[PDB]
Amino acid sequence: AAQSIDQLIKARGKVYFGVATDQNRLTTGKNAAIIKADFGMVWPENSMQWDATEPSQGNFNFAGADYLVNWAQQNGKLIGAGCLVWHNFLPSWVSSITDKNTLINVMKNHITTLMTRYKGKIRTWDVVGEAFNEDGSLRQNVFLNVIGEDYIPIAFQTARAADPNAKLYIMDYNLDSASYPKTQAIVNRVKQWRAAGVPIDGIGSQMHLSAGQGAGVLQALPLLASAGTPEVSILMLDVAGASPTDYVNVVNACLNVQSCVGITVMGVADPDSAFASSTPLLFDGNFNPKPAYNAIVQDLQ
């Protein structure tokens, strides 16, 4: 029978099945109805990014973010938000800053202002994103180049102070094989950071997958969970071709990792995906559940 994957994953002891969205999606088509029926958590695709919220220094705006947070409260959904510190959606005024202390203070103020506005309401903040190169070294974004590698400690310490009850995550992509240097490096660095007292509660795996990659996640996710964070999660999930096999493998990986709290997909219906031609989502363009959705339902019985 037609069922909600969020309700089913909750019945298997996980916290949520979630989806990325924003005001532009919710005011059109069938998105809001499907999200309400089948998902338990929303995340803003773009409205909480740096460009949207702080387009010039100290001059904040929350139009889209408030829309989504208020919608989630109104509609009984959990909220995740981010990314506080990454190189995407980063307005050039930030990446033009040339000195350590200036950028520290700008970064701290950005983190604190966003987290304070929504204090107590947000389950998970993605504090640091896409911090690694594929070889496992740290990505030379403006934060690393100007602050240095202490930017990661600082970002998490600041986030904990702004809202101690949010779960604080680092997230990255291409963490999908236990044999890949990037997956190994984020584990080694998170272990280091935690031993130094950096408050990293979660590793989020950004699973923008090609066909056949699901199987590798079965061993990659427990490797990520070995860094000792209280949580791991799957986010930004889509799969080229949307094979039931790939989706069921990802779900099984989360089921088999005690610290995996849930799974968030990148969107609702295929033609609205940034990767629409790969039909990589769980609903087709008529907003009907696809074979992969039905396979997830079957797998969560």
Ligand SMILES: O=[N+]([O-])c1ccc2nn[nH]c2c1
The other form holds:
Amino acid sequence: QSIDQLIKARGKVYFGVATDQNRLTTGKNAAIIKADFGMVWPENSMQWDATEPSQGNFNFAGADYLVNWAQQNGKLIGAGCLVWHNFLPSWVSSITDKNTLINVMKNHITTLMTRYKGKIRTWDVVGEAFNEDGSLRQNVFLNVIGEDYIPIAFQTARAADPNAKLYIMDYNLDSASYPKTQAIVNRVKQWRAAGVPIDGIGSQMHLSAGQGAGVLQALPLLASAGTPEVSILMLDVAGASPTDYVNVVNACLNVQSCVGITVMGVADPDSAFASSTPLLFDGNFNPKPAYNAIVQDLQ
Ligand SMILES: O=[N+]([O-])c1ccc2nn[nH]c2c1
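The form deposited without the ligand done, now the form deposited with the ligand bound:
What follows is the whole complex; the chain from before opens it.
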């Protein structure tokens, strides 16, 4: 049974997965994505180090492969991350002039979003912008541009492709009492009050065992910021307990504005955390107990 087909029948948009060319051409990834998933994100091929390895000079081959495969197979596309501290080339990190970094960041956003204009359902525009205490993370953008970098990124993105849903995403938003969870909500409210076009908050749910239960309180807290959408991103759970995975899926079902769920990969050996067996398919590409538990929960 297809978890994407089932979640759509419950009124959600998709069950998605991160992938890229050389997963699509190996294992049983393409077959499983075709049957069971409704949306794909490039895991790496849209990040800054992959797409703009030197200033103004873009590399599209990998991202084009993913986008084309998705279109050929009738899948929605999410992509990102346009602005975050991960996967950031040293040429960007070196920049000290505010105007220069604003131009660099806007060129990066506009070039990527223009190439794929109208093809991308969801763009993760800003990622990992918060410290664990809820203050803004002192990455190169904050240090050089200041906190306006976030409004500028979103306004630039909206102009480049008005059709895309624009998200901010972060991790450790899994507990409703944690300061980071509270802070992203409070700041997204403020930005949206200033007219900043933040359509979504995405929660990067890289979970430890037993953390599914807390998401039942954290996800509605995230939704209280008033964005039209929220999403679950990068989902994996150490041990892949059915209870953890079902709690996450039910949090999605409970939150009206939660459009869907993206898992970090298909099969355990292809996880960055393979020892923790944290995905829904095993190393022979067979569905695990958590996959079947989600099926039953959604039926
Ligand atoms: O949900 N995802 O797995 C995922 C993976 C990589 C990303 N880059 N930007 N947004 C992403 C979402």
